[PDB]
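A.B. asks: Listed here are the chains, written in short residue letters.
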Amino acid sequence: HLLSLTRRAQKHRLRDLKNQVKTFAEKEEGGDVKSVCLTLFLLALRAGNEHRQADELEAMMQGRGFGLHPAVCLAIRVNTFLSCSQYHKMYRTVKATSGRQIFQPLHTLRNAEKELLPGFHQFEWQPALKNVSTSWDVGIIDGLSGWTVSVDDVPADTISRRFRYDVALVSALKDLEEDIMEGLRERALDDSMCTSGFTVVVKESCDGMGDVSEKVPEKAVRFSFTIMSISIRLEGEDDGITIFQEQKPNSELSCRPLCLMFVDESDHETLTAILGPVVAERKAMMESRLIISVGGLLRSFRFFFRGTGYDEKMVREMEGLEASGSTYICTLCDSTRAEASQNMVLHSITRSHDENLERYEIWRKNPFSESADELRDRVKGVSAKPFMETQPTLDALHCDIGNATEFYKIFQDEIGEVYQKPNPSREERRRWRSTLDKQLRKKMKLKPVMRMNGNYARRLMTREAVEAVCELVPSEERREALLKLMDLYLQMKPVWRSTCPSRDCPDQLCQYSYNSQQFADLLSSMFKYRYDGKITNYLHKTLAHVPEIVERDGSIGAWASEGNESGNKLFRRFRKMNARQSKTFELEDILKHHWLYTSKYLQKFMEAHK
Amino acid sequence: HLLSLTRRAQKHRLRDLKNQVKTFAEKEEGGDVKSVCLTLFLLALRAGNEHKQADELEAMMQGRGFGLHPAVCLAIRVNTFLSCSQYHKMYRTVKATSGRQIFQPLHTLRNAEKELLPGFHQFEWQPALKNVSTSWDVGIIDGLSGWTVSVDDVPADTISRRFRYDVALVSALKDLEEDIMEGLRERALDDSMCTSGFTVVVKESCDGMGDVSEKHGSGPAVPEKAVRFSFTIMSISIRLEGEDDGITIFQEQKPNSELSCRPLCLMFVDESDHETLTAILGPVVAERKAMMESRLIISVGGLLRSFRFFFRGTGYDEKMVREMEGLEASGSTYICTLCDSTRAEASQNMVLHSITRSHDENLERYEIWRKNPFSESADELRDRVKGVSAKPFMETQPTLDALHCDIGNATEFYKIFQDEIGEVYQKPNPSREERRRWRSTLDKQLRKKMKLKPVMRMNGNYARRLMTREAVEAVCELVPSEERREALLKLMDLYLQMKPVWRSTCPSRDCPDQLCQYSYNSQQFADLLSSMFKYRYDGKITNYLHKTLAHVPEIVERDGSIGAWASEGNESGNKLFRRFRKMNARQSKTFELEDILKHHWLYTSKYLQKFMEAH
Ligand SMILES: [Ca+2]
Ligand SMILES: [Ca+2]
Ligand SMILES: [Ca+2]
Ligand SMILES: [Zn+2]
Ligand SMILES: [Zn+2]
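So the sequences go chain by chain: A and B.
Letter 485 of the first sequence, counting from 1, is numbered 485 in the working numbering, and no numbers are missing.
So the number in the working numbering is just where the residue sits in the second sequence, counting from 1, plus 610.
Misleading hints may appear alongside valid ones.
To be verified - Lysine-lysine pairs mimicking BS3-like chemistry, simulated, CA-CA at most 27 Å apart:
hint	chain 1	residue 1	chain 2	residue 2
1	B	1220	A	89
2	B	1185	A	215
3	B	1001	A	610
4	B	784	A	600
5	B	784	B	1192
6	A	576	A	421
7	B	705	A	248
8	B	825	A	569
9	A	576	B	1220
10	A	569	A	592
11	A	576	B	1185
12	A	95	B	825
To be verified - Partial selection, computed: residues in chain A whose CB lies under 10 Å from chain B:
hint	residue
13	17
14	56
15	65
16	70
17	72
18	105
19	106
20	505
21	506
Because the hints were derived from the structure by calculation, they are not lab data.
Positions of the beta carbon are idealized from the N, C-alpha and C atoms, including for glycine.
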């Protein structure tokens, strides 16, 4: 065979085809025999489906990399939840095997992120920022903000960490620097001038995490935000031009954490005491403008803030309402509970921050000297002083969740007879639930849970799930009734689920008024037995308040809180794997790893040409 | 330029030279395009004196670590707890990162793996095994052993996983094939003449982990107890052909590190009940019995070779040691696992004891006890049977625990100091007050001079830091009679000459000096003891002291070591277990142990640790 022989006998045997390739290459390629036999080797290896050896060959012939850049290394290090011990061991090992040192040694990451973490890119503002120190190079800071440790006084008992909000934002923007310049180039706009009038709208959000087995209670609260839109109004005479709208704000892959507090959602004192910094600097932000070094030039930025991502309970407890099922229910309309049953559609949005402060002041002073309940009424029941701003809108997920649980219960009830038997008893409810679970399991292959997450909800909204259910309905009238109800629901739901209804499906949106009206009509007429005076919140939102906000603020579901809560399982796992561990640090390093896992840059390096 | 053109257009452009090379291979080389173009590209690279790229090109066929040797990658996965999802992720990551295939994808790595688990190599056994399925290709079996699930009878819920013991063997042996062959190469022993006379020595151990913690188990899913029965190949020598009773072809270099301790079976049942434990281990024990006589035939290194084994059952702790010997528990008159003496006769004399205990004679004593062929009364019969009360079931030569091996000695020297600050043979019976007093003054003394806090229980390191001539001569300051000071000082010094004799791996090559003096040294020790502290050992003697002053020479003669048979190893390996359950359970106890065992067995292969060079 040719492969076991020496080069003397090999070249002696092959000299005919060697000079054949020689003359043919001097004929076609002009003095390039090496690339000719390279293309011959590539074709002979690809014809046999051994693409792997051809790829190794092409990675040898001027191959991109023997060893990797420290950046993508840090990416792999975090984006798979590996320990530092783990990475070092793997590193030594692989460096032994054929190793031209491939990964980077652990040491080099610890000063390779100084380019990605907060507190590294100089900047300033005009005017100078009020009540917020003009020192920038700092990074992570303990979350107490100098709580005078005196024992007898109010205790110093909370463990928390956070950033300077502004440093977080500038990290985020200087991070997106690449994409913003690329988009400016894509919009074909000039790049040197018109570099002083960008408007970046970015949503904040905050929700908790209860009962964590701690290594002060078990619960915890995480506070994050995500950049949504970056647009330009320059040079003027126009409203603006969107430079970069985020494509997938729902996925936690864009949910950058900004503070963490080992406390509970209810301890209003402790929560505000830690949050004062955050609120105050958010306040000072919206005034001035921001100068960074970006695109090679000193560029300017303004800001607006959309506070969306909160479950209801939080919104109430932070807007100073009465959570959660009391007389006042609509976080937007001043309607009482019961009147939202006879009428369900026309409800103007009124609730707003400034007037809520006004109403609280009216409560405190009581200039009219009214008695208790008229005082509740004239102020429309705003007793607690709100402290944090809110944008007036609802989460996208928990609408789905509440609708799911309500349909679940309405099925459990329509299994039996409640308009034939007005007040059923508890055991009948348990049995109807049991036969409902049997129906949902025998068909559709669905198992019960304690509480319904998003996936169980999405499963419980298929029309065929309602078909399998309604088989047990005795009255075929009521059967078709809930079928038409479900149909209306399916036609109307993807409106708020949509990321952009003005681009997804404007048809249901334009047909949403009449669809909602017909929905409320069927619900009342065939089901007043149950919604005489008691109605639920998200239902009220979706049958009374969807069209207003969908008209005004571009899109809902776009501002899903889904991201923060959904992603919070990252806070679950990080605590396990990469802990320090000691709660003095546990936060600090968790937050570090989190934000690291959050920036675009390493996600980009994770994609690596699809 | 030809380097930038697409492959469809470059095929259309070089199709004519493609037909030229095709007909050249058809006429001269038999129609092979690949070898032709490979040697062509080699001789074109070597024309530019570019030797490095040419040698990479040539080795890339059948060498160079193609992107990396897939076996190495499976290892580096296991050796770091790295989970499948992770692996795939970072794999795509690095491949799409830099233009190459560095690691191998899963499916192929795992197909390659299937050559390392049990149940992959043929073998034979001459003569055939006794009542053992002739099949050879099976793998991870269920340890219930076909338990008829009928509700009425004792339930069959106990979940277990294990191996056909023989197959686990043939796996571990086919692993250490490489080492036995290289060792035959160093010893220069012939090969067509070393095919038969082989003997492998097998160590074993079995302990259980308490109430293991796990995640997402707020209610009981019996995720608490686990008893991991395991073994580890100890040595291999030769027996062909003349006298040559043994040439140690391979002796393990460190039998304690769990890196070398292979698992055999895992059972979600506490060591408590005899029921389930015998229920599962029965198959294993019967197999071990049927594996002593007949000879195992292995296709190793290209040769069909014969193998016999010797079996030692060691790595058990005192509790289960009794529980598989049929003795009572625990600290009754019968105290020594080897010298069947009681406390009082061990207090009269302390070193004249012959190892008489053996599994067979204990079986015999059990028959004696059950029949009572003399109709003797209860207690008198238990005396005449000497500790054997329950039918033992598991042959196992016990040995002194190399782990504690000191703790009774430590508490004894502690009591010595506490009673020497007192004048205990001047006031023969003190109550609790002077007891706590002497304790406190002694502990303040130790903290003053050697800087050690007092403790409630004696671990290892406290004992080590306590058996220091420094602590002894420093606490001598408190005892008034210098006669007794020299007494306890000679005590400590003899103890310090004699403890490394057993603590070490093998004195026959480490320190034979104290070994050849050991019987005499221990005799002087017992003399000093029953001379100056006979007030203290009238008839009350603790266990560890009998064991240490008892038989160490007899053991190291019958065996050749102590630390080379301890169960310390398994106590480390439990850590492994935990972590694996933490990071590789499949979330179903029906599948859990199967997965855990698979990964662990991978983690304990001499093959894969050998791929852990770490230079
Ligand atoms: Ca939530
Ligand atoms: Ca134990
Ligand atoms: Ca144990
Ligand atoms: Zn309303
Ligand atoms: Zn003896």
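A.B. asks: Residue 576/A and residue 1185/B: Cα distance at most 27 Å?
C.D. replies: Between residue 576/A and residue 1185/B the Cα gap is close to 17 Å, so the pair holds against 27 Å.
A.B. asks: Assess, step by step, whether the Cα of residue 95/A is no farther than 27 Å from the Cα of residue 825/B, and give holds or violated.
C.D. replies: 35 Å, violated
A.B. asks: Between residue 784/B and residue 1192/B, is the straight-line Cα distance small enough, at 27 Å or below?
C.D. replies: 31 Å, violated
A.B. asks: Going by Cβ atoms only, is residue 505/A closer than 10 Å to chain B?
C.D. replies: Check failed: Cβ of residue 505/A comes no nearer than 34 Å to chain B, outside 10 Å.
A.B. asks: Assess, step by step, whether the Cα of residue 1001/B is no farther than 27 Å from the Cα of residue 610/A, and give holds or violated.
C.D. replies: Violated, at roughly 68 Å.
A.B. asks: Compare the distance between the alpha carbons of residue 784/B and residue 600/A with 27 Å, and conclude whether the hinted pair is satisfied.
C.D. replies: Violated, because 50 Å separates the two Cα atoms, which is more than 27 Å.
A.B. asks: CA of residue 576/A to CA of residue 421/A, is that 27 Å or under?
C.D. replies: Since the Cα atoms of residue 576/A and residue 421/A sit roughly 52 Å apart, the hinted pair is violated (cutoff 27 Å).
A.B. asks: Residue 105/A was flagged as interface toward chain B. Is the shortest Cβ-Cβ separation under 10 Å?
C.D. replies: 15 Å, violated
A.B. asks: Check whether the Cα positions of residue 1185/B and residue 215/A lie no farther apart than 27 Å.
C.D. replies: 19 Å, holds
A.B. asks: Given the hint that residue 705/B pairs with residue 248/A, test it: the Cα-Cα distance must not exceed 27 Å.
C.D. replies: 26 Å, holds
A.B. asks: With a cut-off of 10 Å on the beta carbons, see whether residue 70/A makes it to chain B.
C.D. replies: It is violated, given that the least Cβ distance between residue 70/A and chain B is near 12 Å, above 10 Å.
A.B. asks: Is the straight-line distance between the alpha-carbon of residue 1220/B and that of residue 89/A 27 Å or less?
C.D. replies: 15 Å, holds
Going through the hint list in order, the structure does not satisfy hints 3, 4, 5, 6, 9, 12, 16, 18, 19, 20, 21.
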